[PDB]
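Participant: The primary structure of each chain is shown beneath.
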Amino acid sequence: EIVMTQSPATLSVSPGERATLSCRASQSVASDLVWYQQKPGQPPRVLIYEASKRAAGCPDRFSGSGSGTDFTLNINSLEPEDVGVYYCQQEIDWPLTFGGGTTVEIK
Amino acid sequence: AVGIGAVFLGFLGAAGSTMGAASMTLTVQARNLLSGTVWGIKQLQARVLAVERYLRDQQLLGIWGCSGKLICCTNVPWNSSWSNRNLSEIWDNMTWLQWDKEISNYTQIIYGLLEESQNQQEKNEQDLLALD
Amino acid sequence: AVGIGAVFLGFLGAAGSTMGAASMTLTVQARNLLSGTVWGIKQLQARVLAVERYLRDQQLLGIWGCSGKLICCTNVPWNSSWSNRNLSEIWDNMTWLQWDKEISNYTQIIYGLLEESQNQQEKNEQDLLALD
Amino acid sequence: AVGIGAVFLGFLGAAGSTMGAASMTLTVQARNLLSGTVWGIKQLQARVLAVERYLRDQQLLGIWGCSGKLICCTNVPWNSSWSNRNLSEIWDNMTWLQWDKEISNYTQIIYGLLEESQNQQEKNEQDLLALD
Amino acid sequence: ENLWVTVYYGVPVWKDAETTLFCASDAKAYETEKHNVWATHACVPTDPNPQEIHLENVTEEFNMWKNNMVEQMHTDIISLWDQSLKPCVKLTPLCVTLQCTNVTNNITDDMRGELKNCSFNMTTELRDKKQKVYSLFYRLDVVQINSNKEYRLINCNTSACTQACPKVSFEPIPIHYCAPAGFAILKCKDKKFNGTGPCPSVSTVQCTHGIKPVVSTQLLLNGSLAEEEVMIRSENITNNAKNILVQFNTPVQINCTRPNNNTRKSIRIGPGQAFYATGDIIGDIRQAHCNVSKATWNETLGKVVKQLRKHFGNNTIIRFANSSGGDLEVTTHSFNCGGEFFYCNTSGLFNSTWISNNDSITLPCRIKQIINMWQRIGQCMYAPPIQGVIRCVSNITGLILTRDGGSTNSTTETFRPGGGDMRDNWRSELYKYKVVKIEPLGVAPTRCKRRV
Amino acid sequence: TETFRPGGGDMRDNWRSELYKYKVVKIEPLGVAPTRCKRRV
Amino acid sequence: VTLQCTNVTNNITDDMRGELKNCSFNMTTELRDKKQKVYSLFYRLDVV
Amino acid sequence: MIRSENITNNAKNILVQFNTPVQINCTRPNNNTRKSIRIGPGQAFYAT
Amino acid sequence: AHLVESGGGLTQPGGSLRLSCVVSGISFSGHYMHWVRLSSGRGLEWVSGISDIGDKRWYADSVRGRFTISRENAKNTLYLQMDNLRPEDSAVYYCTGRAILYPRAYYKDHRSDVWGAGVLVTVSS
Amino acid sequence: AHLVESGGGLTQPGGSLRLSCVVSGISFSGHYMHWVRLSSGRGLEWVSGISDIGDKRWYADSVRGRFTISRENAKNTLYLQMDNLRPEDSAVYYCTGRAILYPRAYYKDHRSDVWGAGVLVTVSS
Ligand SMILES: *[C@@H]1O[C@H](CO)[C@@H](O)[C@H](O)[C@H]1NC(C)=O
Ligand SMILES: *[C@@H]1O[C@H](CO)[C@@H](O)[C@H](O)[C@H]1NC(C)=O
Ligand SMILES: *[C@@H]1O[C@H](CO)[C@@H](O)[C@H](O)[C@H]1NC(C)=O
Ligand SMILES: *[C@@H]1O[C@H](CO)[C@@H](O)[C@H](O)[C@H]1NC(C)=O
Ligand SMILES: *[C@@H]1O[C@H](CO)[C@@H](O)[C@H](O)[C@H]1NC(C)=O
Ligand SMILES: *[C@@H]1O[C@H](CO)[C@@H](O)[C@H](O)[C@H]1NC(C)=O
Ligand SMILES: *[C@@H]1O[C@H](CO)[C@@H](O)[C@H](O)[C@H]1NC(C)=O
Ligand SMILES: *[C@@H]1O[C@H](CO)[C@@H](O)[C@H](O)[C@H]1NC(C)=O
Ligand SMILES: *[C@@H]1O[C@H](CO)[C@@H](O)[C@H](O)[C@H]1NC(C)=O
Ligand SMILES: *[C@@H]1O[C@H](CO)[C@@H](O)[C@H](O)[C@H]1NC(C)=O
Ligand SMILES: *[C@@H]1O[C@H](CO)[C@@H](O)[C@H](O)[C@H]1NC(C)=O
Ligand SMILES: *[C@@H]1O[C@H](CO)[C@@H](O)[C@H](O)[C@H]1NC(C)=O
Ligand SMILES: *[C@@H]1O[C@H](CO)[C@@H](O)[C@H](O)[C@H]1NC(C)=O
Ligand SMILES: *[C@@H]1O[C@H](CO)[C@@H](O)[C@H](O)[C@H]1NC(C)=O
Ligand SMILES: *[C@@H]1O[C@H](CO)[C@@H](O)[C@H](O)[C@H]1NC(C)=O
Ligand SMILES: *[C@@H]1O[C@H](CO)[C@@H](O)[C@H](O)[C@H]1NC(C)=O
Ligand SMILES: *[C@@H]1O[C@H](CO)[C@@H](O)[C@H](O)[C@H]1NC(C)=O
Ligand SMILES: *[C@@H]1O[C@H](CO)[C@@H](O)[C@H](O)[C@H]1NC(C)=O
Ligand SMILES: *[C@@H]1O[C@H](CO)[C@@H](O)[C@H](O)[C@H]1NC(C)=O
Ligand SMILES: *[C@@H]1O[C@H](CO)[C@@H](O)[C@H](O)[C@H]1NC(C)=O
Ligand SMILES: *[C@@H]1O[C@H](CO)[C@@H](O)[C@H](O)[C@H]1NC(C)=O
Ligand SMILES: *[C@@H]1O[C@H](CO)[C@@H](O)[C@H](O)[C@H]1NC(C)=O
Ligand SMILES: *[C@@H]1O[C@H](CO)[C@@H](O)[C@H](O)[C@H]1NC(C)=O
Ligand SMILES: *[C@@H]1O[C@H](CO)[C@@H](O)[C@H](O)[C@H]1NC(C)=O
Ligand SMILES: *[C@@H]1O[C@H](CO)[C@@H](O)[C@H](O)[C@H]1NC(C)=O
Ligand SMILES: *[C@@H]1O[C@H](CO)[C@@H](O)[C@H](O)[C@H]1NC(C)=O
Ligand SMILES: *[C@@H]1O[C@H](CO)[C@@H](O)[C@H](O)[C@H]1NC(C)=O
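Protein chains in written order, with the deposited numbering: chain Z, 1 to 107; chain W, 512 to 547, 569 to 664; chain S, 512 to 547, 569 to 664; chain U, 512 to 547, 569 to 664; chain F, 32 to 141, 150 to 185, 196 to 318, 321 to 330, 330A, 331 to 407, 420 to 514; chain C, 474 to 514; chain P, 127 to 141, 150 to 182; chain G, 280 to 318, 321 to 329; chain E, 2 to 52, 52A, 53 to 82, 82A to 82C, 83 to 100, 100A to 100I, 101 to 113; chain Y, 2 to 52, 52A, 53 to 82, 82A to 82C, 83 to 100, 100A to 100I, 101 to 113.
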């Protein structure tokens, strides 16, 4: 299966500063990569589906880009509400595995 | 493109949306216009009335320059006496029902310039100026 | 372009008129071609016959390259064995009813000549190099 | 009159052949589809269904971009869930009947993609292209 | 690798479906002014040159026992027979008491107690006056109620008969059931087709051949013959309750006649309603009979037994017995000879045994006028008499056999004539046809996209 | 006071209590509207 | 026909007093020549 | 829910719709016997 | 094509007048009807006008409110009511109609500008 | 657009459980449904996946064969009938729905991605 390798598990940044995330891949994923947010005690919801386009209700700070193997997630303004765990999961092969998990804590 | 599904809009789904957003659902409402003895004549006249309405719509569409055409541009000029309001108030600020209520008086006039002053003139020019 | 009405020509309004002048009433004759127990099944049969007679005028026109076209060019020569005059004595001094009254036998062999030398002859030339 | 002799295969004659050979006889099974008290009710009920089935076929051929084309090229990509055979196992090892029994569940995902995601996009893209 | 969906219109693709089928007939039997019970003047004129198109490498499955064409045909037969009687006289004042004497008059050789000379009180044009008229009814038409015995008709307890129209003719003429444009009728051209399973030779004829709506029980009359051998078609050959339809390679000629010279007399039973009754038979009175050639019938039964050895047992003896019992439509062989309804005994034909190691067979018939057709208790039709000597020549082109419970497994197979169900009569000619709907739309991937 | 007595008689009032929320409309798919777009020659 | 009716007053009824009528009448049989003499119970709202 | 056309006018009916269904049981405390009296050819008259 | 008129006369100021324009020949339903009066010093000046489809009545800047224009497509008549008169309205009134024959290439002259015989109205004390 | 899933409980290993996810609001027959479990260390592990049109089912390599999935479109219910349990399967399970709303410019968000609240499955001896 297409294994997913993510960023280091902590990138705790003080709010008001731009945070940059990424997650790698084994072989080519093309344009089918999404991102999720799981708050503690809440079910996860999507942010950037098809690796470029925002979802409904998501603010302008959440932006993602990338193609092929390496993909980037860009958070323009960090908020204390935006605490959660970051995941990316491929959608070009069949098993659909998820990311390792990146937890950002509020400073 | 592997875990995705398929959910469509549905018939008359964008009736409350603006015409700029309900201009891209025309294929959804263009399907249910045809849908394929004691009291078997209400099921037999209903299957001829729909055929007659669909064929009337297709022939009215085809006597213009729009054959098999959902969004068809014509160079018939828009008159200011039919609707005084301009763009960005029609496509972003009204639905299709309000525009239909506005334009229902002049629809016979608009059909007359799309027939007479456009098609039988553009086709006469095609066989004259061009194609000798 | 303001303060003037719009009156349209009625059905069959250019019946007695020259063919060049009656070539601008094709939308007039084509719009009113569909018109929107006891004493119930006969007019149902008449509506079905009117629909099936609206077809085979769009299916004879449709098999040739003239579907959706009011004035259609065809690559079929006009031989002089049929009733032929100059174009000044046909399109300027002669009605459509008189033209139908002269060629009443040769119209059937024209339809056989439009399915043989127009299509299935040029169609095979297209089929020589069809898909690129 | 060069070339003498005339033998046709007949209606539905390529049904046992593969799709790569039965896709070359599409004119034969298209021209013969319409061709223009009891036994007065069943004759009436039959030539209503004969027109309805033809017009449902032509509406679903006119809302996609294939108005009058026997072989029609579209813009939707072929997703791998519908069939995993790479062309050869389809056009040279399979007839059209087996293809119908294979893609029978996905006759509504494909049709909706032909209509809404592409044809309703293509007319709007042509609208914005001819706007300026 | 970059596969785009493409639309093909006119692909050879069909699925099985049920749809209404109109009528078609030859113009020779269509322009005539003599009206038929099976309305044919409203049928479409048939094609002078039908298109019979053979399909190569098409293996389609037919099922004659789940065939919707037979049910649609049976509905049309019942509808036509219902609407052809509406214009004729309602014989509701015929239900009176009858004083009948046995016709022991001037021959009475073997027609001992069949013909009855019945005199009854009848109304006339004036409603306050009554007339005393007489008619000659059959024994099957009257029943006693408790010399000049008191009688009544057999129908007056169950229904009220409608007299058949005297100008229409119950003559079966060929009917072509044709499918609407956009549909097709497949045809199994296989000669070894037993009625079910895959058929390797399928032909897409535009519509069927001429199917004569012949009314028959226990002897399938003139129609389509088998091509090579005697064919046995059954829904379940290991079942004792399934009818055994048999086709014939060669037709067996049967001659049926009525030696009586009947006379029709008009009895005016109201203002414009006339009851056409039997008058007096002049000349000779004899029992109506059908003769089957003994040399032809023995060879035909020998071909039936020989092809029945494959299905049951190759050393098992085959014995033909007469009918078990029941109503007269099931017990005896019924048909329609010129408007006169026969009910003929079949004990002469089905009486043989067959070990694995030039005359005629006269069948004594029994003519009945008040009949209960299509087994509908509540509707009856009075057949008016036909004057003169009638004679029919017919082809026995099949059988309907019913097998009894197998005694001691496979020891002896007793076959008796069955019938009764009229869907088995149309199944002998509609077995090779089935109706499919045609979907010309088809999507298939290629490497070509639309040139924008 | 307001004295109320039961009615009946008109049988259509029984089915007005079931068909009050439904109504039938005909649908016209043809429509004209101005844009800046014009067709070619 | 001319229905000859009497009050029921059978069992003990209940004071259904004058509601049911025991009507006897001449009705035609299947044969037109003969007649029957049958009886039937009719409600008071049906008979006049 | 109370529905009316012109509820200020007394000549218009008032269609009241209920929220909870009031159950009603209705019965006939009589064991009638259907008796078939044949009145013609194929006709019957079922009487009490 | 004859636009016959009637009504009017001599009336004191403040009176009420109605002018009737019964039409013939031309199609009254698709004709844009006007009312133009011809006076000495100011000849052939516009007063009123009604549309062919709709019941929108456009009036002039000076005479707005003092005239009411109406049409009836059944009796094929055109009306103009004359209430709250002023002594500058003594003029002959012309009933005229305008329409564009739409075949346009079939009709050599597509201008259907029909006029009528005017009726003279005058107002004075 | 609410997924009231239930089930779960405390069971010895080798037992069987039935998680029923009840679907309301969205079009259930057109949605591609999967099953995602979450435990400590195994962040959102995939379990199963079922199609919307057709009955093709796809399972993860670790849980293939032991587990079964089904749905009824007339009932709007999705079942993951667990069988032959292992102690590493102790996780909270999310009823996941995925569909693209194919009029993709009328819908500015042409992606559902609505997931259930989550029921906890605890297996231990
Ligand atoms: C497209 O193909 C993938 C791979 O089989 C499948 O998982 C997905 O559901 C398909 N999507 C559609 C809309 O057919
Ligand atoms: C054109 O439309 C805009 C709406 O954005 C409006 O503000 C403007 O006044 C309009 N112009 C005219 C001349 O109507
Ligand atoms: C536009 O409408 C006016 C009506 O006020 C009419 O006079 C004019 O002729 C129309 N324009 C065209 C091009 O017909
Ligand atoms: C009738 O003939 C005259 C010939 O001058 C022509 O002007 C007129 O247009 C013709 N009729 C019509 C109204 O077409
Ligand atoms: C014109 O007619 C002549 C004789 O009728 C025939 O020989 C010739 O082929 C015809 N022309 C065409 C193009 O068919
Ligand atoms: C027909 O008229 C045209 C006039 O443009 C002339 O050039 C041509 O030679 C004429 N043809 C015949 C056959 O008279
Ligand atoms: C058409 O046929 C009729 C009858 O044969 C004949 O009188 C007429 O002249 C023919 N037409 C022409 C143009 O020759
Ligand atoms: C796809 O199938 C074709 C069959 O001709 C074959 O040539 C090709 O190698 C296949 N592609 C793959 C990736 O297996
Ligand atoms: C039938 O199959 C054979 C063998 O593949 C082939 O030669 C023949 O052309 C096929 N027949 C048809 C329907 O063309
Ligand atoms: C039947 O009886 C009548 C008298 O009732 C008699 O006139 C007639 O000859 C009889 N017919 C026969 C065949 O006995
Ligand atoms: C007919 O009625 C008369 C009396 O009107 C009676 O004498 C006669 O016997 C009846 N005939 C029958 C019942 O055949
Ligand atoms: C009919 O023949 C087919 C083979 O074509 C066979 O499979 C089937 O069992 C047969 N049925 C009977 C009832 O003999
Ligand atoms: C009976 O069969 C013979 C063939 O032996 C045939 O010639 C004749 O026409 C048939 N009679 C019918 C079908 O009435
Ligand atoms: C035929 O009959 C046998 C025995 O009566 C029965 O077991 C079987 O199910 C029947 N049907 C078939 C073979 O389709
Ligand atoms: C039937 O009659 C025909 C002539 O009418 C004769 O040739 C044939 O042999 C007869 N058949 C029987 C079975 O009597
Ligand atoms: C003729 O029939 C008898 C029985 O009636 C039978 O024994 C004999 O075998 C038959 N003849 C032939 C040739 O089958
Ligand atoms: C029946 O036995 C005969 C031998 O006389 C043989 O020719 C035939 O093939 C057998 N049929 C079977 C076993 O089905
Ligand atoms: C059948 O034949 C037997 C003679 O064994 C006879 O007793 C019986 O009545 C006959 N049944 C019928 C219906 O002919
Ligand atoms: C038929 O014939 C048999 C024996 O010849 C006889 O017993 C029987 O009564 C006859 N009639 C019927 C209706 O079976
Ligand atoms: C069968 O025929 C034989 C001789 O022809 C006869 O003795 C026997 O009674 C007949 N049986 C039946 C049931 O007809
Ligand atoms: C039958 O009777 C009629 C008169 O009713 C007579 O003309 C005819 O010749 C008779 N036929 C025979 C065969 O006796
Ligand atoms: C009605 O009266 C008849 C006598 O005409 C009697 O036989 C019957 O029992 C009575 N019915 C009741 C219910 O008393
Ligand atoms: C029935 O008829 C008899 C005479 O037959 C008569 O006495 C009696 O009154 C009749 N019953 C009625 C009229 O209810
Ligand atoms: C029904 O409700 C509407 C809106 O609340 C209101 O305008 C109308 O007057 C009401 N009609 C009646 C009869 O209460
Ligand atoms: C309702 O009734 C009142 C008087 O009863 C009446 O004045 C009014 O016009 C009616 N219609 C309405 C309110 O629509
Ligand atoms: C449409 O026509 C009606 C009736 O003539 C009128 O009441 C309405 O104001 C008109 N609407 C427009 C927008 O012109
Ligand atoms: C279509 O659906 C049926 C039943 O849902 C299934 O058996 C069949 O395999 C499906 N087709 C494909 C190509 O998966």
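For the record, the hints were derived by calculation from the structure and aren't laboratory data. There's no promise every hint is true.
As the list claims (entries may be wrong) - Sample of chain Z residues at the chain Y side, in silico, Cβ under 8 Å:
(1) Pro40
(2) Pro44
(3) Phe62
(4) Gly84
(5) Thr97
(6) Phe98
All residues carry an ideal CB built from backbone N, CA and C; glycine is no exception.
Participant: Double-check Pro44(Z) for me: the hint is only fine if its C-beta lies closer than 8 Å to a C-beta in chain Y.
Facilitator: holds (6 Å)
Participant: Given a cut of 8 Å on the nearest C-beta pair, is the interface hint for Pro40(Z) held or broken against chain Y?
Facilitator: violated (12 Å)
Participant: Hint validation: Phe62(Z) versus chain Y, beta carbon distance must be below 8 Å. Holds or violated?
Facilitator: violated (14 Å)
Participant: Against chain Y, is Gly84(Z) within 8 Å by beta-carbon distance?
Facilitator: violated (12 Å)
Participant: Are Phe98(Z) and chain Y close enough, Cβ to Cβ, to be under 8 Å, as the hint says?
Facilitator: holds (4 Å)
Participant: Can the hint on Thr97(Z) be confirmed by a CB-to-CB distance to chain Y that is less than 8 Å?
Facilitator: holds (7 Å)
In summary, the numbered hints that this structure violates are 1, 3 and 4.
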